[PDB]
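J.: So you can see what is in the structure, the chains are spelled out below.
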Amino acid sequence: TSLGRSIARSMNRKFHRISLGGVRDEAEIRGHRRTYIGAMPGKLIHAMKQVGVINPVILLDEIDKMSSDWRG
Amino acid sequence: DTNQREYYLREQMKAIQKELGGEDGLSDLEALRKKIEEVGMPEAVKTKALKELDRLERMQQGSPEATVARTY
Amino acid sequence: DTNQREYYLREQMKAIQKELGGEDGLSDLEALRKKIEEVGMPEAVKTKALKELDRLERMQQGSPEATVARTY
Amino acid sequence: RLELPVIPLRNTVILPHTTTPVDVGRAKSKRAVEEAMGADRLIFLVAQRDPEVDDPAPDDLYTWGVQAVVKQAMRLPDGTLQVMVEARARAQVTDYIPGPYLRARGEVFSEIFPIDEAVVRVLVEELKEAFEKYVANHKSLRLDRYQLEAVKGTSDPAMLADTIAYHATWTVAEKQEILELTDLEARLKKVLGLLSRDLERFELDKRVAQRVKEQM
Amino acid sequence: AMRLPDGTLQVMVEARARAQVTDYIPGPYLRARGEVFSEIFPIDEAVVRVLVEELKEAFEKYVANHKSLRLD
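Read top to bottom, the protein sequences are chains L, U, F, G and H. Just so we're aligned, residue 362 is where the first sequence starts under the entry's author numbering, counting upward by one. Just so we're aligned, residue 218 is where the second sequence starts under the entry's author numbering, counting upward by one. Just so we're aligned, residue 218 is where the third sequence starts under the entry's author numbering, counting upward by one. Just so we're aligned, residue 2 is where the fourth sequence starts under the entry's author numbering, counting upward by one. Just so we're aligned, residue 74 is where the fifth sequence starts under the entry's author numbering, counting upward by one.
In short, the hints are calculated from the structure, not lab data. Using N, Cα and C, we set each Cβ at its ideal position, and we do this for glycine too. Only true hints are included.
Simulated restraints on C-beta separations:
(1) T219(U) with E215(G): 20 to 26 angstroms
(2) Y224(U) with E240(F): 18 to 24 angstroms
(3) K134(G) with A74(H): 55 to 61 angstroms
(4) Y225(U) with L3(G): 53 to 59 angstroms
(5) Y225(U) with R146(G): 31 to 37 angstroms
(6) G238(F) with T95(G): 52 to 58 angstroms
25 angstroms max Cα-Cα, derived DSS-like pairs, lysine-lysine:
(7) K190(G) with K140(H)
(8) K235(U) with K207(G)
(9) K263(U) with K410(L)
(10) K235(U) with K231(F)
(11) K268(F) with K231(U)
(12) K265(F) with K252(F)
(13) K235(U) with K235(F)
(14) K214(G) with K231(F)
(15) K263(U) with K268(F)
With the C-beta cut set under 10 angstroms, the calculated list includes, among others, these residues of chain F facing chain G:
(16) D218
(17) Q221
(18) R222
(19) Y225
(20) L226
(21) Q229
Could you put the whole structure together from the sequences, leaning on the hints where they help?
T.: Below is the structure:
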């Protein structure tokens, strides 16, 4: 995970890290519909708003620890 | 005369407020309309956004449906 | 002097805003607006908090939407 | 110099150089009031500050003040005592005690030299016309005008400005902040800006009255 | 002159016509020859005359925003 920030500093891109360890909610990737009360988009659209550029470097960290079979 | 004074005062209030938001470019819905054609964006998404803004401009403000559409 | 004229205007809105239906308090949303510019805080999260405050300010209170945006 | 008892007031501040009958109706300043009118025609003055004290503390008075040599021998015996103030300069305190009595040693309260008379006379004409458009809206905000339109050309322009200045019913704050200086040009032109902003806010309320009428 | 104890021990003179210094003997201290007395006049007064006329009509323009010392 040091190479993520080193590569993004090297190519003069923006950078944003999403930590996926232990996440087991499907609505963290997508969102909820805007019918529900506190609904808002997922992590990806949120990261793209934080970066502000169509072209970032996203580090999806520890992708083999995505838990399954609780809600989905 | 208490009720008439209370109504009169409410209109004093909203009179200063439309002074404090009566500029040609002040209507934040006008500013939102300009921001829609400034940024981006693809054509179908732009059509959907303009229909959603036209639906928003007819509602009464502060109602919950207007809040859902404005944050979208 | 232009700000003086403006702040008088909204002093008058203070007067009628108070007396138009009784005074709940110094307007605890204004207490939040004071407290946001006291504690800390980093610049990006201060921008996010002020946008969230202005969103809470123009919706009708007692909404189930508003009781989430106040607790946040 | 010259330690003598000071005369404090409540909120309606009275001024140097300013011919004013002042019904001082206090409760626990009358010791200094009686001794000062019986003490060879000399009075010092400040007012006090908000939520105030009847018993005049050393937590009351303010910074620059006024040598007010007394112009009339007239006590009205009901507790509401009347006096004339008419000064020559301003004043301050050096030594003191929690009063009454209110002791005020003084110092050389350094004045300024007036040299300009040309931008001053343009300011005299602008300031008289600015008061004449001031008082018009401030008739409605309670002012009369025959006690000033007689003395339009007082040889001191600053005393004409004092006579305007007690009759310009703005705050405690501007009265003391402009009471607490040593000039006439920059001081009284910012006074003129106060006159203009008051007229412009009154006309702004005229615009909003039109807005309410039409929307109803 | 006038000798004061506050570090000021002055002198008072009056000038007629300036000069140069020929060749020094450098100091502290100094002894220095000067050349001749110079109060040299304009020759063919038209150029300096137009300069006087413009400098006068612009000293009318100069002094108006130079009244800040409160001079009559």
